[PDB]
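Next up: just one chain, as structure tokens, the form deposited without this ligand.
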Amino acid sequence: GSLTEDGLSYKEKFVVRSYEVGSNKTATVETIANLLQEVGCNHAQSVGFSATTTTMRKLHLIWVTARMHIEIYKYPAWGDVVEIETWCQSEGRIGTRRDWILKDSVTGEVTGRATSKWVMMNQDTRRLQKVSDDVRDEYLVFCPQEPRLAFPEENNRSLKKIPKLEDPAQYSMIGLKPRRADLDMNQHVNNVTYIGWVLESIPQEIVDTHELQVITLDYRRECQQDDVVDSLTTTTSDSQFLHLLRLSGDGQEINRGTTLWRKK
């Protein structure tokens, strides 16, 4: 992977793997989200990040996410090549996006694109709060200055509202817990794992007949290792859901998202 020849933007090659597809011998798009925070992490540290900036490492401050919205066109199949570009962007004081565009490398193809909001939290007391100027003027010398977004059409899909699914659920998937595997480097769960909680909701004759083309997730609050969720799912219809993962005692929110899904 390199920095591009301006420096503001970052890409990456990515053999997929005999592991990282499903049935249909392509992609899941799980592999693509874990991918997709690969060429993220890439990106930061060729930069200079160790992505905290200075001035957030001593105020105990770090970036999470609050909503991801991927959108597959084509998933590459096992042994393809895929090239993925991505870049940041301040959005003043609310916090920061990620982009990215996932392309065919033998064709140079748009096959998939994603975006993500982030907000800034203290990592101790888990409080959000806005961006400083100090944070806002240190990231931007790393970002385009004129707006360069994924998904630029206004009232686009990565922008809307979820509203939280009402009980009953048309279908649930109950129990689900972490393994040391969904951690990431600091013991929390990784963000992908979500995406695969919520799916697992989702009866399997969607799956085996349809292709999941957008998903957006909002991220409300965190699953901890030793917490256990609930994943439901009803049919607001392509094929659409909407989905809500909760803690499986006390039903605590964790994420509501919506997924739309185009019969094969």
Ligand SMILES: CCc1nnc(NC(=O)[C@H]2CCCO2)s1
The other form holds:
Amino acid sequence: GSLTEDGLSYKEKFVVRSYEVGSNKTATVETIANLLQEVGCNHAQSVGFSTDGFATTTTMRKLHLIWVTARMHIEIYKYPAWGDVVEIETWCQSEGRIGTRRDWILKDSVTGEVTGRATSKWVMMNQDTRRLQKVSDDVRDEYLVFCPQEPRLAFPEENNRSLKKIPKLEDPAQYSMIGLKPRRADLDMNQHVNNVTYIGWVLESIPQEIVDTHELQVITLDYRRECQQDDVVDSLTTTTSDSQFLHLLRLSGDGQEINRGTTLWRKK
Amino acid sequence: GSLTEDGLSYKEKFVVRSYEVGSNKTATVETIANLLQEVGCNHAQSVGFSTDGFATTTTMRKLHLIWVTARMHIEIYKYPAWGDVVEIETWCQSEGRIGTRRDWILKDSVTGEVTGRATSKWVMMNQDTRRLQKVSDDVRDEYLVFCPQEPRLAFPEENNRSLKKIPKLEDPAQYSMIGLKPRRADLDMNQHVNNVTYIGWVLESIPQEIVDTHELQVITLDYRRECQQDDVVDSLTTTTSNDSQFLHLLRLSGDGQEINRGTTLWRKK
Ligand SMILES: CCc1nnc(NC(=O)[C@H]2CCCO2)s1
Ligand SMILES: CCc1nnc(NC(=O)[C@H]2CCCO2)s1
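Since the structure above is the form deposited without this ligand, I would like to see how the form solved in complex with this ligand looks, so please show that one next.
Complete assembly follows, chain above in first position.
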């Protein structure tokens, strides 16, 4: 993998591994989300960022500032099969004072066809107090030299699926998965729970019958609070409709919300 | 990756991914175990076996027979870091009428140094009734043409760590992790729980303080029963011992039915 000719985006190819496929003989949504995170880290390293979960840059590290995700939106049209080669292109962009946006384009390396696309919103915050102090003009200069100056959006459509307000799930939930805990495989270098784990936990409340008759097409997820290593999560789901669902992840005890989102599934 | 010049073993290189590393800034033991399974699958495809995790041959598929693991033994001397290139060499061998043995050698592609090695015992079994059976002549001749004829062992030593009898953990356990469940990421094409998941569940009862002051050197695990998709596991551990050793036990919560038992040896950083 490497930065493109203009240095304003990053490309990388991946072969789909045998342990990365699920009950469809094709890659799982956690494999796809993991591959997005991998190409995002390699892009951050190729431009001088911190390589950890946050692409910190200088003066941000001086002020104990980190980039945290607020929203993840993934759309998949064709899940790659075992042995397939998938090319992913990622790029960074400034969203004024609110934060950053990271986009991805998934392609089949054989047919050159777009088989998926993703978008994410990142907010700036203090690593210790966790307060979203997204105020810094000189910090914006250190990352802008790596972003395309003209807008380049994976989902360009005016007021699309990635910019929709997600409501809160009313109790009782139609489907649920209680007692979900992270394991050592789900933790990073600083022992924080991987962003891809939350996606997998959201889908643990989808019934097996839906997974056996449908394929996941769209997933919009909002990150409200981070799940600690010793925390326990409850996954909630209700059919809002193709099939559509409303999701909610909360701490098993107090019922403190960590995530909320929507999923759209298609018949096979 | 490809079969070697003689066609009796398989080699493959892997770059360590960012999501594959843990608290040590190096690959997790589940990443290592996953890479062994990946090169094992590619070796099985390159010689004509099934790629569903059972390495099934023509006659085996006709009689509803599959290959299932009975023991896993992994030894790691240096965990690869993010961005490192690790070369793994795997090969199969017949163990008479008991079953098969699959071995691995892990090397750093830069220094050519051996940074790990693994061994596994595989028994033949009816896919449906789960009854183990002795390897017949028709089946044996179909897989022997892919195994080296002279013995090639990753752990050659006379009475090594990979052929030791593992005892059963007496209650109460010193450490424990209750309510472990598999997720959709842990299931294969036929919805069976991945063999690497059991290794991760065994290590969930090791205290965080041991993980923060030591690195896992050896792991011997025995597979007694398979955990179903809707099953829940209890992980048990007791210190048996610079180095630290433990005894492990995985069992179902609703009955205490054993699925795994093993030993782990850790060394100071
Ligand atoms: C879908 C899950 C994720 N996708 N991407 C992730 N992370 C990243 O791309 C890197 C670059 C920004 C800092 O972290 S998490
Ligand atoms: C450590 C976990 C595993 N290591 N290896 C595994 N599987 C394999 O190598 C292949 C060989 C044919 C059967 O499956 S499971």
